[PDB]
Amino acid sequence: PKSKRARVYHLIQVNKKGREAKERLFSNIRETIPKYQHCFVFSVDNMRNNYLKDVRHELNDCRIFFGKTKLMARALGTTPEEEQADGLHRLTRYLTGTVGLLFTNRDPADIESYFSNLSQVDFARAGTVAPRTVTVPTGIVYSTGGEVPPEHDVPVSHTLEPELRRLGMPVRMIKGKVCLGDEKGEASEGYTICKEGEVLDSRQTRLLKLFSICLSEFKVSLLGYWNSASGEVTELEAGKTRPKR
Amino acid sequence: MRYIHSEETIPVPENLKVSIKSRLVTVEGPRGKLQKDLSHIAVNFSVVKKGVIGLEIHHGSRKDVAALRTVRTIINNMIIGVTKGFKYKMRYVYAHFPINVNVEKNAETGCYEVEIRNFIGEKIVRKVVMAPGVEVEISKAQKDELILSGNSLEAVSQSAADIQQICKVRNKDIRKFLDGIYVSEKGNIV
RNA sequence: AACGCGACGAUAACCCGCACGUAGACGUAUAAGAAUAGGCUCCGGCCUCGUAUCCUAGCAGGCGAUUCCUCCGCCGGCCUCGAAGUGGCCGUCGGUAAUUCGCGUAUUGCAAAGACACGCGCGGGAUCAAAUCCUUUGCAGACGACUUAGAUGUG
RNA sequence: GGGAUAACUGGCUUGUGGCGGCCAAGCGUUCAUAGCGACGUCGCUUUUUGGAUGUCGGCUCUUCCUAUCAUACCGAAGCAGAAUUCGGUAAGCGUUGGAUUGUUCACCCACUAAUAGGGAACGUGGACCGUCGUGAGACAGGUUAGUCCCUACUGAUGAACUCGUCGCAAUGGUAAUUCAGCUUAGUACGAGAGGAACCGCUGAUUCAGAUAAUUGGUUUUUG
RNA sequence: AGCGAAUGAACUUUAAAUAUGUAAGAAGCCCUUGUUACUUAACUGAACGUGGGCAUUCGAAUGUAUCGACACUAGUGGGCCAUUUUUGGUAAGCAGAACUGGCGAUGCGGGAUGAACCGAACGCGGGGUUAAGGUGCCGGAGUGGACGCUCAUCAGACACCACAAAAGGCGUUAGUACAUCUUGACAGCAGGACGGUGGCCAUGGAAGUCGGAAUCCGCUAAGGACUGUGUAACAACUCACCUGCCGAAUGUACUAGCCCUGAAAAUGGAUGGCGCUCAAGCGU
RNA sequence: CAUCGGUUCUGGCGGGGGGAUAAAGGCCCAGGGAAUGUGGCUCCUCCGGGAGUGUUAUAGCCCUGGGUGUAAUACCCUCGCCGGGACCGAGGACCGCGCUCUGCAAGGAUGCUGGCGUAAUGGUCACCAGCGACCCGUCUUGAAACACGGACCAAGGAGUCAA
Numbered sequence: 001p002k003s004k005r006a007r008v009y010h011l012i013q014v015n016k017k018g019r020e021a022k023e024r025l026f027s028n029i030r031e032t033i034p035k036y037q038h039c040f041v042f043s044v045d046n047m048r049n050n051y052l053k054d055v056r057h058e059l060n061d062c063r064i065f066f067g068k069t070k071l072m073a074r075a076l077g078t079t080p081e082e083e084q085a086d087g088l089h090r091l092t093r094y095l096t097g098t099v100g101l102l103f104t105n106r107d108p109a110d111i112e113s114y115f116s117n118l119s120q121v122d123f124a125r126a127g128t129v130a131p132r133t134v135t136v137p138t139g140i141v142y143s144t145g146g147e148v149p150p151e152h153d154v155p156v157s158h159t160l161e162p163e164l165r166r167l168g169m170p171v172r173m174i175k176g177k178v179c180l181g182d183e184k185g186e187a188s189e190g191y192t193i194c195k196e197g198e199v200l201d202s203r204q205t206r207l208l209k210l211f212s213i214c215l216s217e218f219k220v221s222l223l224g225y226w227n228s229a230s231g232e233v234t235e236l237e238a239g240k241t242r243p244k245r
Numbered sequence: 246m247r248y249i250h251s252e253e254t255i256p257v258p259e260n261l262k263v264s265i266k267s268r269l270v271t272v273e274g275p276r277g278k279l280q281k282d283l284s285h286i287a288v289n290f291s292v293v294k295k296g297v298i299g300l301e302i303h304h305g306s307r308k309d310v311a312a313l314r315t316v317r318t319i320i321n322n323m324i325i326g327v328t329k330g331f332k333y334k335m336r337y338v339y340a341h342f343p344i345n346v347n348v349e350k351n352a353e354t355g356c357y358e359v360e361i362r363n364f365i366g367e368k369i370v371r372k373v374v375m376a377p378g379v380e381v382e383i384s385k386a387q388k389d390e391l392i393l394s395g396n397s398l399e400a401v402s403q404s405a406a407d408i409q410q411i412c413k414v415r416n417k418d419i420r421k422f423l424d425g426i427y428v429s430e431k432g433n434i435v
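Order-wise, the sequence lines are chains A and B.
Counting in the working numbering, the first sequence runs from 1 upward without gaps.
Counting in the working numbering, the second sequence runs from 246 upward without gaps.
No lab work stands behind these hints, which were simulated from the structure alone.
Positions of the beta carbon are idealized from the N, C-alpha and C atoms, including for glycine.
Be a bit skeptical, because a hint or two may be false.
Unchecked claim - Just some of the chain A residues that point at chain B, by a computed CB distance under 8 Å:
#, residue
1, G168
2, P170
3, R172
4, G181
5, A187
6, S188
7, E189
To be verified - Result set (DSS-like, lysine-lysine): computed pairs, CA atoms no more than 27 Å apart in a straight line:
#, chain 1, residue 1, chain 2, residue 2
8, B, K281, B, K308
9, B, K388, A, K184
10, B, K334, B, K278
11, A, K195, B, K388
12, A, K68, A, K17
13, A, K175, B, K417
14, A, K175, B, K308
Please build the complete structure, drawing on both the sequences and the hints.
Below is the structure:
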């Protein structure tokens, strides 16, 4: 009848990918199964996934896939009766969540060593546990909120002032300078965005992202690997720890 | 289409006392008691499990199930008020004339009164009477900031809107004259 | 409100005469409030239904018993009722089938002008308490109308 | 000279042009092509340098409408302030002149908060008989056509409800308007120039109801 | 209708509807035979004479308060409205013909009321049943029954439309055609939203986002030489799009009903009034 | 008031016929099938409550055919019986048609009882009450609408007489 949302048409070139994209994903995984030998399965639970591109560029040799877990798992073949190769059903039962596949032609031990050595600093995702009581001084709020020494720190922008005020900082932009309390300083007390042990929420995570404060560690947890010749999957550490269905 | 039946569920925590006699939802908690009459809508209340209240309509319309949804939300807000309570951190800004705010417990009627002076230099003193049950304090952590704490979300929000509306600029360019008292934070006491 | 209402003050009772006795009774009986996605309660339980309750017998309702202390009614006292005003309790007195009788009812035929008392009345008479007319006043007046003052006195 | 219509409008009136093409959902003779066809756009009016008004009026008064000039209220604007513009809620309030003209408006200038628009049955105080002419007309020729009653309302009285005093209030009407000065303040704001508003106080205009202490005026008080 | 019949509204085997002309015996028919003043080549026609048959179905149905003729005797000789058909015209009005009906000379019930509407016609009475129209009250008769729709800041109310439009409605209900959907649909939350590359021309300076053109490739799960915010330029945010969490219908355009607006001035008044909201409104 | 005659309104009852010789339905018989899956089994935040499974088990259901069966009942048509109510009694020797025939409900109301004279029943006037209801004549028009005449009462007052 009536009383419904006014659907906002999107005046933009990019469109839905859809059924064609999904069947393209089946085709890609199914055709890339045969060439490679070690199909690793890995997890990235609650880390931002910018650096997957960098690890792609590093392991240019290998081929990596990451989509719908269900889509990829059934492209592999969940049921053993409809299965591309023996043991791939085991790989499917490993595939549960924030999970990616890694076709490789080279040494699994070297793969494990490199992925153990892989480690990057990152801005924290929502839901994690904060390790520090990071705060901003009562004086002028700078670009990073005081993490680097203020003498070598540029002030943060009046453009970002409204966002900080919206996300909760009692900050005021006086004389063109954004400051928590008084322009000279003192006056106020301070603003602690997050505390030690506190479960970081979306608000605090956006605060760290705006103030360029990193408190998460991008690392990939290899659940397991399947060999083509043997046709079996060997779980390692994260494989047994991470629940699967 | 005249839906035969529809239900919604409201979970209650372990530390409350909820009672609906006819339609007077009275919820009792650590901070106090909140009572609201819901006699204007047709709903059937029951206790569907140990700690979830089921509110239902039988032979009702889409408007009626919409009423069920909104009354569910109001009851949930009462539960939240009696468990955690509501806090409104209010901020005031000035350019050249510092605004003076004074809060006083008028003992008769037992109510807060907030007086605002030197708002853009007007000699008038804006006195606002405060909602019953909610408390006002001058925050010491931050400057030019007040705290409005209470149990009733409706009362605290209406009072904050009353302040933000009484402190309103007339016949001046809003782009230049930025003075006023504004809402900053809305959350729970805990 | 000149045909809406209230409170109060002050009156009109006697003598003689003479004139008549329902826009709808027939058991014209019945006080919680409040809600209707709740309520009542005796706290056991109860609620579609006032399709209920009360009352309901005697010559248009007698007489005498039998026998009952149950209701009804009248007056007093105590209090109570004010939204356009009353009921309860107690006491006196009168009546009173709950029970059970004997006396009378008729031929009014098979349904369709007497006396007394009480009031409302008028015709005169004299009785209060007043109003108006008259005179005066002039805070008033087209004319009516209105404010006063005239019976012993701050006239 | 004959014929015909007795006469007009009455859910009529307002703010957005016409012609042609392009596009066009639908419908259609059988299908968007027998063809009809809104909104837009294009071409013409329409682009390269900034007086119209004939009979009329003129004044006052009552009432009503708003399609609101001002007062009140807010929404928007490079709205710094001040001064403004547009929009809407609003009819309680008030809504003045001069020039010019046959006369009105336009325009023009003076006050003023402002000089807004209307309705009230558009509210109350000649044509033939002819005669003389037919390339056009005239006629001192005629026939001549041609209107004090009722009652609402108000005021003052008023019969009966025994006379008088003190009251209640259903109902009906209903009233206040605008400007100015001091303080805020030469402050907020502003490069300068300039320049507010709230609170509080004091006046003035108009309207309304009163009154003669004091000041003018009036003298069948004939003092 | 057919054209597996021919041919091609102008096609037709057949054949409508629909009103509209003529005939349905005894006073009628047929032919035979003759005359003629007429006519024709000619009883060829016309009239005049013969003949016959068939009177108890004399040649369909229904109706039957009769019809024909002559003579004589009064009053009248207007139109108005509407249905249908038809002709012309306008922006719309309208104008002209023919039929029929009604009023004209007609009372009565209903539409609150009435020249043009519906039913029905008339002596005086009693009883019964109906039509149009009604059954909340005025008002006699149902707050009758069944299924649904509608809440109007002057709804609507029974036999009618203009305003009016492919008109605006985040009112409500039914329905149609398409599209996604555990291969996880729409919405939401946590994120990613890259690289060549500050792409080419231009210029104080313009880096996806003041301007003209092109708008490609890698990575892809996806990411546009970019949808807005923003900077002097950056930056940064955000959009498209894509993955994680949740889990079951949706969402795009239309049709149909009921409702709002779709235009309104001036004395106070109208579904007749009161009033009515699971109606006392609307459809059956 | 009883028995009747005519018209009429309104209730109940005994039958007959027809459908698909109603369809259904009860009870059986036989075959088949299914879930909004009965019992049972397994899992299952256990007063409880779900999920899967599997065709009658500790419930049942649907489809088809047969018997009871010419079943009953609804609907329509039809043969009759009884009850309550309203309005009227027209004509006045016999005749006729008939019947249930010693007379009858058959060409029209009688029988019984009671009331009625200081009043049964009426009349006029006045008023109230329900419903209805424009002021007459003339004249015009299709019709209205205008217009003409009407202060009242009594008497007079207008198609007559000749050839």
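Structure-based check of each hint:
1. Here the hint on A/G168 is kept, as its CB sits about 6 Å from the closest CB of chain B, short of 8 Å.
2. Taken as an interface hint, A/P170 checks out: its beta carbon lies about 5 Å from the nearest beta carbon of chain B, inside 8 Å.
3. Taking 8 Å as the C-beta contact cut-off toward chain B, the hint placing A/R172 at the interface holds, the least distance being around 7 Å.
4. At its closest, the beta carbon of A/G181 sits 7 Å from a beta carbon of chain B; the interface hint therefore holds under the 8 Å criterion.
5. For A/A187, the interface hint holds, since its Cβ comes within 8 Å of a Cβ in chain B; the closest pair sits about 6 Å apart.
6. The criterion of a C-beta within 8 Å of any C-beta in chain B is met by A/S188, whose closest approach is roughly 5 Å, and the hint holds.
7. Annotation: interface hint on A/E189 holds; nearest CB of chain B at approximately 5 Å, less than 8 Å.
8. Straight-line distance between C-alpha atoms of B/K281 and B/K308 comes to about 21 Å, which keeps the hinted pair within the 27 Å bound.
9. For the proposed pair B/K388 and A/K184, the alpha carbon gap of about 14 Å is at most 27 Å, so the pair holds.
10. Between B/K334 and B/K278, the direct Cα distance comes to roughly 23 Å. Compliance with the 27 Å bound is thereby established for this hinted pair.
11. For the hint pairing A/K195 with B/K388, the CA-to-CA distance comes to about 22 Å; that is within 27 Å, so the pair holds.
12. Simply put, A/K68 and A/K17 have alpha-carbon atoms about 14 Å apart, close enough for the 27 Å limit, and the pair holds.
13. For a cut-off of 27 Å, the pair hint linking A/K175 to B/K417 stands: about 21 Å separates their Cα positions.
14. Note on A/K175 and B/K308: the hinted pairing is violated, with a Cα-Cα distance of about 53 Å set against a maximum of 27 Å.
In this structure, the one hint that does not hold is number 14.
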